Structures are given as structure tokens and as C-alpha cells.
Amino acid sequence: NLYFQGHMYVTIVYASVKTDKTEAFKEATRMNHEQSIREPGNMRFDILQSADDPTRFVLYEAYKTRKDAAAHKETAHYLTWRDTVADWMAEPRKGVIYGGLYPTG
Amino acid sequence: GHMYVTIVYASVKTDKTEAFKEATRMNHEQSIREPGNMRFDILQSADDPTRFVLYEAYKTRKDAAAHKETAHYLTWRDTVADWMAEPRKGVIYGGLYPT
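Those sequence lines, one after another, are chains A and B. So the number in this note's numbering is just where the residue sits in the first sequence, counting from 1, plus 741. So the number in this note's numbering is just where the residue sits in the second sequence, counting from 1, plus 91.
Simulated from the structure, these hints should not be mistaken for lab results. Treat each hint with caution, since some may be false.
Computed spacing ranges between beta-carbons, pair by pair [to be verified]:
{"#": "1", "chain 1": "A", "residue 1": "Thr825", "chain 2": "B", "residue 2": "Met117", "range": "39 to 49 Å"}
{"#": "2", "chain 1": "B", "residue 1": "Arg116", "chain 2": "A", "residue 2": "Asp824", "range": "22 to 32 Å"}
{"#": "3", "chain 1": "A", "residue 1": "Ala765", "chain 2": "B", "residue 2": "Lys159", "range": "15 to 25 Å"}
{"#": "4", "chain 1": "B", "residue 1": "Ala137", "chain 2": "A", "residue 2": "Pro844", "range": "32 to 42 Å"}
{"#": "5", "chain 1": "A", "residue 1": "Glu815", "chain 2": "B", "residue 2": "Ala137", "range": "36 to 46 Å"}
{"#": "6", "chain 1": "B", "residue 1": "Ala162", "chain 2": "A", "residue 2": "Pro781", "range": "30 to 40 Å"}
For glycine and all other residues, C-beta sits at the position ideal for the given N, C-alpha and C.
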């Protein structure tokens, strides 16, 4: 077992957006970000746009605990976002799970 | 939104994971002290314990450029060089939010 103990629960979410919905996607994701940073135990909810390709986005969603992260998918703003952007995805989003080694807190 | 973020993907050789973590700890501890640093998160994939991410975020591109001139960066780069199972990839982003 080569896994280290996590100190933050992180999901890097990769989104490829339809070419004519990039602004629409940013606006919808702004709303998600604004509410998500207020969730208990949220440590980051950074919204990123690829320098090389504006249709490529990342949501970097970091929480103190896994159960804090789990609660996110229960929120109205998540559910709203998910339904809103569904038709603007050029392909399925992928979420990759990480454990935070540093900072330790 | 102008935060500058580089996501660095590292694939580490199987018997170098503990050493990689320690060498990168020392890089993290110094890098979070750099003017304009906003994150320097060090992450291990839950899917594959040999894959790591350094999430390096700065207030400006200029601050990010400075990191690569620091003694701690140069030492880290030299230390971990032979432990990479394949070339590291850095992917550059602009942080839209937080603004």
C-alpha cells in the first residue's frame, strides 16, 4: 500500500464545452462557485479555463473532508448547475479524485 | 479573472513515492511563502498511488515566473529528475473565479 493519508479531499473536474457555449458555461459555473465557496469545509472551488483552449475548463473542488465533498452534490446550486450545463457539454465531464498531502492543516 | 495556475502531473517510479513526497514537501513549504502564491497543493491520485499533482496557483503570471528561479524549485527539479516514470506535464490555466 503506497497511498498516503489524505488531509483534503479533492476532485479535479474536467469539462469540454461546446464551442458556442463557453460564455454560457462560465456564467452558470460562476453561480456554482459563489455558492460552493460558502459550503461548510470548502477549501477551494477554483474555476479554470485552459490557456491553450477556451473550450476546456477545470473545476478544482477541494474540501476539508470527504463528507463535506459528498454534501456538495446535494445542494440546489449543484443540481441547478448540472441540469443547466448538461446540453452544453461537448463530451461527458470527468472527475478525478485525489488526496491532499500538503498543506496538512 | 487573472489568477495564473499551472497543474503539474507527475508519474513517479514505483519505489520512489515516499522520497517524492518528502522532496515535494520541502518545495511546497517554501513555495507557499513566495509573494503572490495562492495555492501550492500537493496531491496523490486515489486511482494510482504513483501519480501526483502539484496545483500551483499565483496572483499573477509574473509571480508564477519567479517560482522557477527559486533555489527550492531548482533543488526539487534536480532531486526528482531520475524518479519520473515519464516526463512531467504542466498544463496552464487562467483562474476565472475567485476573481
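Taking the Cβ atom of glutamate 815 of chain A and the Cβ atom of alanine 137 of chain B, is their distance within the range 36 to 46 Å? violated (21 Å)
At the C-beta level, are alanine 137 of chain B and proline 844 of chain A separated by a distance inside 32 to 42 Å? violated (18 Å)
Measuring from beta carbon to beta carbon, are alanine 765 of chain A and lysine 159 of chain B in 15 to 25 Å? violated (36 Å)
That 30 to 40 Å hint for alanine 162 of chain B and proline 781 of chain A (C-beta), does it hold up? About 39 Å separates the Cβ atoms of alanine 162 of chain B and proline 781 of chain A, which means 30 to 40 Å holds.
Please check whether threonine 825 of chain A and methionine 117 of chain B have a Cβ separation lying inside 39 to 49 Å. Hint holds: Cβ distance 43 Å, inside 39 to 49 Å.
Holds or violated: the 22 to 32 Å window for the beta-carbon distance between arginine 116 of chain B and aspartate 824 of chain A? 41 Å Cβ-Cβ, so the 22 to 32 Å window is violated.
Comparing the model with each numbered hint stated earlier shows that hints 2, 3, 4 and 5 do not hold.
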